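Starting from the known structure of chain A, arrange chains B, C, D and E with the ligands on it as the hints suggest.
One letter stands for each residue in the lines below.
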Amino acid sequence: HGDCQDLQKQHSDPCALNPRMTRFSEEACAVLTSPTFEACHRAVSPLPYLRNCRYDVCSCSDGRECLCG
Amino acid sequence: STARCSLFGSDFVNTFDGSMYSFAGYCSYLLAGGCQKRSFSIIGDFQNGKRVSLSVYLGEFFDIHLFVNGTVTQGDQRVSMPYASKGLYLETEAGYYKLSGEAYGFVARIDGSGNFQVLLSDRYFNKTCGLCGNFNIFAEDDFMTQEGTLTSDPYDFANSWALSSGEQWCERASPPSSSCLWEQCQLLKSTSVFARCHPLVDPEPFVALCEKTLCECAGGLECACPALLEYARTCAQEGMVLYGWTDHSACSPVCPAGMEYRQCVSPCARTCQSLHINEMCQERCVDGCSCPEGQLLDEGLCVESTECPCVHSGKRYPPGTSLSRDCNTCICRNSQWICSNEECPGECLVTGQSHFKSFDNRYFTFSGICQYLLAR
Amino acid sequence: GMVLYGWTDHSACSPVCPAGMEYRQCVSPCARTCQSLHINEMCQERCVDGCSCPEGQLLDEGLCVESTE
Amino acid sequence: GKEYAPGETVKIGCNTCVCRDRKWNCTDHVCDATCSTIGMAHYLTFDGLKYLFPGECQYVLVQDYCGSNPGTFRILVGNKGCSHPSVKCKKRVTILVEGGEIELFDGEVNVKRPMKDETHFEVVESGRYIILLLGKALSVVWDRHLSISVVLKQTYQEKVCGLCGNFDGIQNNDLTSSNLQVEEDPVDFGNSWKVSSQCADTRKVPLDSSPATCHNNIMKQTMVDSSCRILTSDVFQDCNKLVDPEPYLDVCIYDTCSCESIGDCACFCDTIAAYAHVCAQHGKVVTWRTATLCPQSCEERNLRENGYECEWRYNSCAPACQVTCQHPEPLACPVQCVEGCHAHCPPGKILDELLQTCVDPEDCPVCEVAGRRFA
Amino acid sequence: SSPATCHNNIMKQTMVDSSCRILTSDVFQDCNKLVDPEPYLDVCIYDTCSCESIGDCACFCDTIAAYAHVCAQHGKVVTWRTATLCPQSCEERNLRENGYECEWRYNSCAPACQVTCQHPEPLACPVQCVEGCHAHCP
Ligand SMILES: *[C@@H]1O[C@H](CO)[C@@H](O[C@@H]2O[C@H](CO)[C@@H](O[C@@H]3O[C@H](CO)[C@@H](O)[C@H](O)[C@@H]3O)[C@H](O)[C@H]2NC(C)=O)[C@H](O)[C@H]1NC(C)=O
Ligand SMILES: *[C@@H]1O[C@H](CO)[C@@H](O)[C@H](O)[C@H]1NC(C)=O
Ligand SMILES: *[C@@H]1O[C@H](CO)[C@@H](O)[C@H](O)[C@H]1NC(C)=O
Ligand SMILES: *[C@@H]1O[C@H](CO)[C@@H](O)[C@H](O)[C@H]1NC(C)=O
Ligand SMILES: *[C@@H]1O[C@H](CO)[C@@H](O)[C@H](O)[C@H]1NC(C)=O
Ligand SMILES: [Ca+2]
Ligand SMILES: [Ca+2]
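Protein chains in written order, with the deposited numbering: chain A, 556 to 624; chain B, 31 to 210, 221 to 416; chain C, 279 to 347; chain D, 833 to 1207; chain E, 1041 to 1178.
Heads up, a few of these hints could be off.
[As the list claims (entries may be wrong)] List of simulated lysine to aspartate or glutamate pairs, EDC-like, C-alpha gap at most 16 Å: (1) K922(D) - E132(B); (2) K252(B) - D41(B); (3) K1181(D) - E1141(D); (4) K1052(E) - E90(B); (5) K564(A) - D1070(E); (6) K67(B) - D1057(E); (7) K991(D) - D864(D); (8) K355(B) - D1017(D); (9) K920(D) - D1057(E); (10) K922(D) - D938(D); (11) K944(D) - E319(B); (12) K564(A) - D1076(E); (13) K116(B) - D1033(D); (14) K985(D) - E1141(D); (15) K355(B) - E1016(D).
No lab work stands behind these hints, which were simulated from the structure alone.
Just chain A, same shape as in the assembly:
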């Protein structure tokens, strides 16, 4: 559809706009690099899945279900 506006520069850090929730995002989205998941670290690299968690929690309104999503 040609009436949709083309987005300009994508923005990487969403919690540069909500600095209240910076400690919680880093603290919570850290189980992925922890011995709870240690078996799976050799099957799929948890690199993209960590920054996805950080972005999801900093950005979305209800971070309780964005964390476990």
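Chains B, C, D and E with the ligands alone, transformed into the frame defined by chain A:
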């Protein structure tokens, strides 16, 4: 060039341009900060529809929380006052708690009533974003939601700025559904005390909120006076300060002792532990308080000029409280110790492996192997 | 010849006068009120101690009332 | 250390001494002194005392409104956010001589209130420094980043006060506070010269050397000591006879542990620059900058239109004040050995004022009336 | 991210992000269209947390120079070295006997291979845009 937005009354708001309304929330809304390159943010914490605490945020590393009862923190610590740090001087002023940032540009107070004030600068023109609205002279289109669209409902506009952090999740805000004898609000429309602020601002909206508050009137004279300070401060900042109001019906804005509320006090506020440098107080009039004229201020309260205590090593001593050195001693006058010189014995120590101490005090190490002459 | 300035702030016992209680030094005896012609240049009297009421109130025969009344 | 045949002389900075009957006989001449900021937390009084005092508001460097005489000048050295020696540090200096301020901040000088006695008011830009002359005796030398120095000739003897002592020739009592009491440690001494009474005086650092940013690595503590042990390495072995590198080393250990530098190396080159500057005042010019150790260039401002006329070079210490169509007569610049980048044009075609290109002497002012440039 | 050297200060991890966010500042904006500055940012954040510099600053300028090297291969030469950001000089080797004849200058990328009495014929130098200090004799 410097504007002013304030949060006052009980559940009221004013912006950088004038369009002013009400809102009572729960979720630490965003009061100011540019929304293309953020680089700092003022966040206003509420609780149960009230106003508790105030906080800044630099980048993503440094916090500071200021609170309404004068207690200050660090994010998880409990710092004292004044506490200068990486920029951001917390202080006190004519009785109110000031947070000054001049590298970035803003100054924020909290008075005894818990009313907030923040003054921005000219380089944020057409770039501010938060709940205090954008900063352009045109005063009507100042309800841009975070999406960028424009609305008309105060609540739908102001719910788009709430900020949540981890443990604290917040809900949607709904206007309170509670409706409702003298009309002293027109005191802005009759007396000639305020008559000179008329050609700069329009006194209608203040009367509007004043009757809104008159609806409640959970008290005798609390109905109107919080609606009256703000108009004074606004037309004071507008270019001409009112002189000698509060002499007719006002409700005596509170500060602890002395209570000498007055306009045009010098923020320098001469005390007696000072160097009496003149000429270097080029600051505008600020309302506030002080304590009469014949007294000088101490850190806690203010005392008569005859009793400024002296200081040695950070201790405080009452006048006429001579301390004793080994060699001499002298007496505290009005913050001016006056000792008399006198030669006192000297010692030349020689200890350790090879560690000397001269007769005056010079310490050193020599370590040579022979016989030497130590004194004569 | 040298009038004392700003005492009474330390230990005095507040010399008594009926209303206002604004005891102060160097007050003009002209005592401006609203029932007058606001004629200036004819207040050539030396300092006199006495009483008045703040600044925003003008004196009537009994007491002083705000300028509006 | 060395032999000296009878009748031979020696000069020490300011005075000359000669040998007479196995004892040195020589003359006395109280001459000028210098109070300076060694680095960015340490001070050096007029009689040569070193102390540590990190603060963050406006203080008093040196004034003379304290004795039983009418004051003249006053220099205030309020610094911004330098309670910790990080790279974000910035400093400001305000000078109140007769009726003006000068505001040394960032780029250059201001004149925010003209002085009625510009008859001896000069500003000179030589090397990498700026030199201010404010009267018969008073001078100020500025690095443009963080080191401020002040020179007073013998007239102001025993007549000033501040964070620089009272200049009488005794070290012991030159640590007195503003209320006529001799303190013990520098931290409670320096709170008394604070201008505004709402600063939150600095408390005290209880620990010993190697501040907390160090001693938790000793992989970083043992690189810093060797990295700036070049104060004794090979070029400074002639300096070390005349001035001892005991205090400057201890400056370098500080504000290098406590200074997280990322792409800006100025936190380290400036201490070595200070020590080298002090050597130059004793006639021991040194060269210490390599291609891999705090390198410096001055070819950027070299007339990009053509540029082949290479009119700029980096010299050892480049004698200080050179005449031009600005002050066509020698001045009294108390430095004479300014390190920096220098212009060495031939005897004719002296250097200009504004465009930084040597030109023939025609472009001098037409007249000196009203003290204007007049092209 | 932020090795154990970082995330224990975040007065240094907030000082090293903005210290080398200059890859998107004003000069490299031409490159950002043709090569994205995403992997080189992650290169810069690393080995600056874990690289304590005292008097030597090559640990940081080299990343920026590598990214500039990448850009110039795409015909988008840039100039980023100032007097207060990774300064460089080359006039030390300028014939100290006289010195007034300046034959060395610092150019943008100083095209690589020039003929002399070493190989009087063009070579195959697959860079041709070597930044450095250069000699521009007639
Ligand atoms: C000014 O207001 C603030 C908040 O309105 C007051 O801070 C609050 O102080 C109480 C008293 O200590 C704190 O309660 C304590 O919390 C800890 C941690 O949960 C708990 O272990 C204790 O048993 C106690 O319940 C409360 O957390 C704290 N709220 C904050 C810091 O947000 C402050 O005391 C007031 N000032 C004065 C002078 O009272
Ligand atoms: C504010 O900025 C926008 C975009 O830069 C511009 O379109 C608008 O006209 C500006 N408003 C004013 C009042 O200058
Ligand atoms: C030094 O020499 C001068 C003249 O040569 C003489 O007047 C003076 O007394 C001498 N002083 C000493 C200490 O020998
Ligand atoms: C510095 O300048 C002086 C005077 O012009 C000169 O004698 C000296 O050789 C110069 N130093 C260098 C390294 O060129
Ligand atoms: C770099 O060299 C080229 C070719 O010699 C020249 O055209 C260009 O002007 C030079 N750049 C600078 C900044 O001198
Ligand atoms: Ca607006
Ligand atoms: Ca002395």
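Q) Which of the numbered hints are not met once you compare them with the structure shown? A) Number 14 - this is the single hint that the structure violates.
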